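Note that one protein chain is taken out, while the other chains of the complex remain in position.
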Amino acid sequence: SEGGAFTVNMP
Amino acid sequence: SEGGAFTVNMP
Amino acid sequence: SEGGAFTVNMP
Amino acid sequence: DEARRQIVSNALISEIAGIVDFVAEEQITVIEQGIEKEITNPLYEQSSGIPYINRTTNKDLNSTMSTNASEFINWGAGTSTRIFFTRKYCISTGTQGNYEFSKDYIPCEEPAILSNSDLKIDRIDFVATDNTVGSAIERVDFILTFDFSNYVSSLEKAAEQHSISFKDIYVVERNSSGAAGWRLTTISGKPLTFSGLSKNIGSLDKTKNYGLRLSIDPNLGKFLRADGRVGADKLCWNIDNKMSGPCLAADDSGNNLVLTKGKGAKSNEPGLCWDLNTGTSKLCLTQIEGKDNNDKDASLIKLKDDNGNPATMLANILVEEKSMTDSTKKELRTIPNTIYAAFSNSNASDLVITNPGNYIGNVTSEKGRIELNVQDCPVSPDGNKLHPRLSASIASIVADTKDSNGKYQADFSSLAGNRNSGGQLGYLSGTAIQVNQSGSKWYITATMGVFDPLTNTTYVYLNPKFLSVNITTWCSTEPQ
Amino acid sequence: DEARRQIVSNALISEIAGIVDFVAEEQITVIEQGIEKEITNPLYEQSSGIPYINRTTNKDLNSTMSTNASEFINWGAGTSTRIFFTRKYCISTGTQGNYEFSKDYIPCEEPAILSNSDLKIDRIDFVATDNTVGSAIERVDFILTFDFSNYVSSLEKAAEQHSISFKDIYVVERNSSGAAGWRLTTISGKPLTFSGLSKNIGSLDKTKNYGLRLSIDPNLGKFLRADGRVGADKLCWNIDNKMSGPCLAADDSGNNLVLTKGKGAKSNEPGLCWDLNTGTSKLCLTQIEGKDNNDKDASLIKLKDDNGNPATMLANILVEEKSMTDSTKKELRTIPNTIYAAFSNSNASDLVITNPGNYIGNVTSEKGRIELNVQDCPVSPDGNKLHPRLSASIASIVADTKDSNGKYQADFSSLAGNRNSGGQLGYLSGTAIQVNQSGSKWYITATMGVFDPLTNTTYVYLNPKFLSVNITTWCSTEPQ
Partner (left out) sequence: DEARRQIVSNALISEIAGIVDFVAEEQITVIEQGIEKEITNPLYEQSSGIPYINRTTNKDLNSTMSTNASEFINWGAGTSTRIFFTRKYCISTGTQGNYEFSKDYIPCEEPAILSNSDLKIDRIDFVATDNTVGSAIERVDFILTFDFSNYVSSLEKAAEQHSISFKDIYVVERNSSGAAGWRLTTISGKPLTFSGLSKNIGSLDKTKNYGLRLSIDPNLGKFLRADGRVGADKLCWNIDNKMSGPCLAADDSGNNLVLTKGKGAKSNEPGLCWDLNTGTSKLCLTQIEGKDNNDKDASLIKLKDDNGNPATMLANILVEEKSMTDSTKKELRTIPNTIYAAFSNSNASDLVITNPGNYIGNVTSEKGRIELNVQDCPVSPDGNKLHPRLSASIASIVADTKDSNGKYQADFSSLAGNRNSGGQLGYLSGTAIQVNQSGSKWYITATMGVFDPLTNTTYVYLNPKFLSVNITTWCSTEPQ
């Protein structure tokens, strides 16, 4: 099926 | 019984 | 046998 | 042709065997008003009528056979005899018989092979053990008329196959075709047994009508038999010539055999044991004392060798327990398996997910994945479908980053060496580990977030050699 | 009263059965100074005295009954006979008898009902098989004086219930009240059996004192008996009319039956099997060769079908092994269960712990916790209290932060969709997962530390939906 990543933040 | 939390740091 | 450490970084 | 003789003898012995079965049941299972009921066999009621009470008294195999029609039982064509030994409702209307047996001792309709055969059961003698009405029968003689060693071989074969044997076979003769005219064929006043028919075949005139009298001994004697037709109330084993060993007896259910201690046991720990006699300990399944979770008196089973050490049993195991979420419901599970594995992306091209917010994966075809065959679940009791299960737990995880050459050094592919490849670590954001399945395969994939403080660059890694998991597999009624 | 007659007969048969049982033991278990020891029955020591050597010689049931007091044995009132057939210490000091039997064949004090009943055992005859002192006894006759068809029915019922049967019943008479005046009642010179007392009751004068002589045979040796009063040294089963099947025999312990291979087995793999005869394979518990941890020869048990494939057993399993920390001590464990679960705080109100340094949790009542029923442990052997156990291993964890709408997107409540919401991740500080219990409940709670680099804000989350664990539950002697 499906697999997704994620957003991470910048200082 | 009890439970507790932990402290994290401020930059 | 052996065990080794790892290098971490510096901003 | 002996193939035809064999059919005739098989039918004859079938009839003979059923009749003996009926004589040998003092209590018979009858069907009164739709509910099975045990009643005394009409043979042994001094209140039953003809022919249940008919008895001859030639206890001796060499005594004169009876000539009284209410002592022997005329059988076969022209006789209503069969009615009294078959179910009342062999016809839908009901016959003149008064008993509905729970089982057919002989077929209601006589085997068609015997309707025109050369050897027929013409008359049956019930030898009485005493002179009381309804006395016990100690021998059943079957007079078979010939309409002579070929059939005896055939009959002996058919009786061998049906767990019965003849007490003796006699040659009988009569001057006519009356059922009361049967007498023993004699050589010099000595009744001619069939074994002695080889030497005396010549001194017999063809003016007589001959047949055989097969003598059986119905009484299933009180002793256990090779044919196993004796039920045992119990059975115990001997030790050093005393009856001090374990005993086997049935419980009330009819399904269970129960093993109990013998009188010689100083401890009360009965067991079933297997022995190869190959120099090693026998293995015993032994019942021992225990306590339940509420400290009340109880017992259990232990598979042990002769030293008291536990033994090994190879089998599939199901465990049943209440669901730890909703009680009053049962759950089944098998013994789990554990496999240590790490994901297998090594270089930056496969590792780094270029556009994380937009990335849409295919766990069936993603590089670096862990793939397994779905296990087959074992046998489960009716109405408890077992589902294959799989889960993974984190075993080792580091936020490794590119080195000066764009390669990743931290590697957990072998548990004995996880610390020997260190890598250049950043900050860990965590990991998302996902388990999916098709019809045949388990697919395990993972996503890890890492911040590199050297380059202030954020990376998302797919199935990295930096993350290793312990995978647990089992079958359960609790679905995936 | 047939109810009073039946009690007399049960007592009479009890005495008879005990006496016969003693006669039927040539080797008896006696006690000599604290210990049981096997000695020869005084009946068959040509060195014992009256009444152990007393023998009559009327082998024929129709022969003259002895009239010699050193041949028959007077019983009952006025006789010291009973002393010689009961334990020496039926009284605390000791009687004139010389033997302390390990078991009471007959009660030391005669059934009180027999002290004044209308039927009493007056004399017991030990019929000798030859003319040697201490010879074997081939029939035990009990002469019962009447102080005649009612009581025979009752006695036969009592003997039926006590697993004995009378060889024959005779009518005996005497001119006075001496124990040696007993002779057989005759009709035309023929001893009157009880089966012939129906026709000859009128030709018997009331001037005689009459009684019955019950004849019992002694042993039930050699052949196994239906009531199971005969012990087997072993028992083997037939295959194709040959004694080539497995054998069961008791080992020395008195607790174990041992199954061994038959002579027809081409392999040495004995087995016990269950068969439903409903179209599937029978299930067999078969012993096969194996090797221990030192690769020395050993054996194990295998539960398999007829195809050699493992079968399934539903049961609770205990495994015993030495503690992997402190040797010399044994520990028990059960088969575990695995539960995948995530915590359930989703919104900022429940998730964020505002002042972490001050927070004191109440793991029993915190929002988003995982709560389970404390399982019940199975039976364990005496002195091994089992404690319920629960543990948690991390399955997936990410450092999620508020999104553009103040919502947390990452959710691991379903293992098959852990990657479906990525969320907006910060830097992970780790997690603390705690397991507590009340009397009935497991409480699983967790605390996660997260730094949000977008806001430079420090967060502590309580029971978050972005943390999932594999919960392992089992029982063990090792406590929580």
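We call the chains A, B, C, D and E, going by the order they appear; numbering starts again at 1 in every chain.
The definition used in the following text is that a residue touches a chain if its C-beta (ideal position, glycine included) is under 8 Å from a C-beta of that chain, and two chains touch if they have at least 3 such contacts.
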Of E:320, E:350, E:371 or E:403, the one touching the omitted chain in the full complex: E:320
Residue, one of E:105, E:451, E:461 or E:466, that touches the chain absent here: E:451
Residue touching the undisplayed chain, where the options are E:37, E:190 or E:234: E:234
Among D:3, D:360 or D:416, residue touching the chain not depicted: D:416
Sole residue of E:267, E:349, E:355 or E:405 that reaches the chain not shown, by the stated touch rule: E:267
Missing-partner contacts on chain D, residue numbers: 27, 163, 195, 198, 221, 223-235, 238, 248-261, 268, 270-272, 287, 289-290, 297-304, 310-320, 334-340, 372-382, 385-386, 393-399, 410, 412, 415-419, 422, 425-428, 442, 453, 466, 470, 473
For chain E, residues in touch with the removed chain: 129-132, 135-136, 221-224, 226, 230-240, 242-249, 259, 261-284, 286, 288-293, 295, 298-300, 302-303, 310-325, 327, 332-333, 335-336, 356-357, 361, 363, 378-381, 389, 391-394, 427-437, 445, 447, 449, 451, 470, 472, 474, 476, 478, 480
Contact set of chain C toward the excluded chain (per top definition): 1-11
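By our rule, only the chains that are shown with their structure count from here on.
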Selected pair, greater C-beta contact count between A-E and B-E: B-E
Touching two or more other chains - residue numbers and ranges from chain B: none
Per-residue multi-chain contacts in chain D, two or more chains: 356-357, 361, 429, 432, 434, 436, 445, 447, 449, 451, 456
Chains touching one another, given as label pairs in label order: A-D, A-E, B-E, C-D, D-E
